[PDB]
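The chains shown are only part of the set, and none of them has been moved.
Lettered A and B in written order, each chain numbered from 1.
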Amino acid sequence: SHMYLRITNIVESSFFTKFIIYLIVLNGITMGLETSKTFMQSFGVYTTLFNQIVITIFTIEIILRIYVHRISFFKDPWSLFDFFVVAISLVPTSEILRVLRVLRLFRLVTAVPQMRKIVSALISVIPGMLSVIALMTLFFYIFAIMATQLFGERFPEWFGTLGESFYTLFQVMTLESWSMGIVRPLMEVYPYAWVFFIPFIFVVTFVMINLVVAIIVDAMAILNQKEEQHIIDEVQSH
Amino acid sequence: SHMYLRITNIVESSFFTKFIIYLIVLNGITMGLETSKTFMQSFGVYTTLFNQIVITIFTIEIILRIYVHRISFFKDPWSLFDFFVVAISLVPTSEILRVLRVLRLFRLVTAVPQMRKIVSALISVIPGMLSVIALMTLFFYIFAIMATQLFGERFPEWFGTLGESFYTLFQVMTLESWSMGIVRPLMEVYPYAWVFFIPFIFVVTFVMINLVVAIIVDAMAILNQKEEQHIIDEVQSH
């Protein structure tokens, strides 16, 4: 425990975390700079060693943080993310992984409380949304099957395959070129194609909007219930 | 009644409904798989018999459910949907019906309470919206007539027919290519076309947004009224 607490006070120190954030911001600049072939032709040699240094320093940090937090480390999503992001960056350059190394810049999120809270807040709405996401995903699935069968023979790029139809249906949901780009061309062969995509557009837009309405209104319903118990307590007491 | 209750306990059992959901999920996978010509060339023979089996099993189920629920069955929208969806799947392969058979996968909605409640909730906002939908539909109708008369001679694909103008006006409402794709081309012949579509875009966007504003605010007004009676009861009593 003597050796344990020595490490704990370092890993727990504000200098330690401020150092890591320093590295993250420095390496973030570096990774932008490595985007210029000009910059790489000259200073590229330096930035590569720096990225190797940062990676090793983050590996030492992850190791220390694990000795200090023990099993608690692997039950913490933030440090799980720090773990896998640093682990990715450790795969030898031997290819999409070289690109996924950029994800280590998200450590600026996992290391800054203001950023964690923002992400925690945004993520908190999702659990209640799961069943609606499942409903909408079943909806997409059923319509991707139908679209593949209706249109995939004449329009294989857009509908020749379940995956392609899934892609196009998502495009239609964002409303991107849905008419000039997909449905008008379809209607030159299938004049009733609009009977398929208009109702599809209605459901998916209607569901999106009503999802937002329900979150705002149900949130404020709770706010009211919480205020209601507070006022009713006082009137009963005083 | 002896024979009645025997069936009722089966049709009402959790195994019965869990079985049907099992079938729905299995058949849902099957229908995705039947999308691959590769898969069909090999295993296609099996999946066709399976779809025939599921269809017969669902027909037995609908029949049983009707003997158990009697007239209540046909006054229940969920089982009405199960009815017609299974009824569609019964039309002999002799063509758009073959595609509409996929709709039977929506039985996963009508059989899962979490999904029913979601759909019930989303549908509940619609009754209050009917008169606004009618207003907006009258609006579309009047503008489709005018557009057909103004533009249908020179731009028949987009406006040559009430139905075509209805289609294009919906496209303009989603804002999809409304300018580069429709109104700029129109303005090369009708320089004042923008006097028609800009105001059209204003009304339809303004109405959409204010529909959402009114639902949120009127919902919370009720929440307040309900909270108001509760607090006022206490102050009067205690």
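Note that a residue touches a chain if its C-beta (ideal position, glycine included) is under 8 Å from a C-beta of that chain, and two chains touch if they have at least 3 such contacts.
Q: Looking at 2 placed copies, how big is the full complex in copies?
A: Taking the 2 displayed chains as part of the assembly, the whole thing totals 4 copies.
As a working rule, only the chains that are shown with their structure count from here on.
Q: Only C-alpha atoms count here: how many degrees separate subunit A from subunit B in terms of the superposing rotation, rounded to the nearest 5?
A: The two chains, subunit A and subunit B, differ by a rotation of 90 degrees.
Q: Approximately how many whole Å separate the CA-defined centres of subunit A and subunit B?
A: 29
Q: Looking at the complex, which residues from subunit A come into contact with subunit B?
A: Against subunit B, the touching part of subunit A is residues 131-132, 134-135, 138, 141-142, 145-146, 148-150, 161-162, 175-181, 194, 198, 201, 206-207, 209-210, 212-214, 216-217, 220-221, 224-225, 227-228, 231-232, 235-236.
Q: For the complex, give me every residue of subunit B touching subunit A.
A: Contacts found on subunit B: 28, 31-32, 35-36, 98-100, 102-103, 105-106, 108-109, 114-115, 118-119, 121-122, 125, 167, 170-171, 174-177, 181, 212, 215-216, 219-220, 223-224, 227, 230-231, 234-235, 238.
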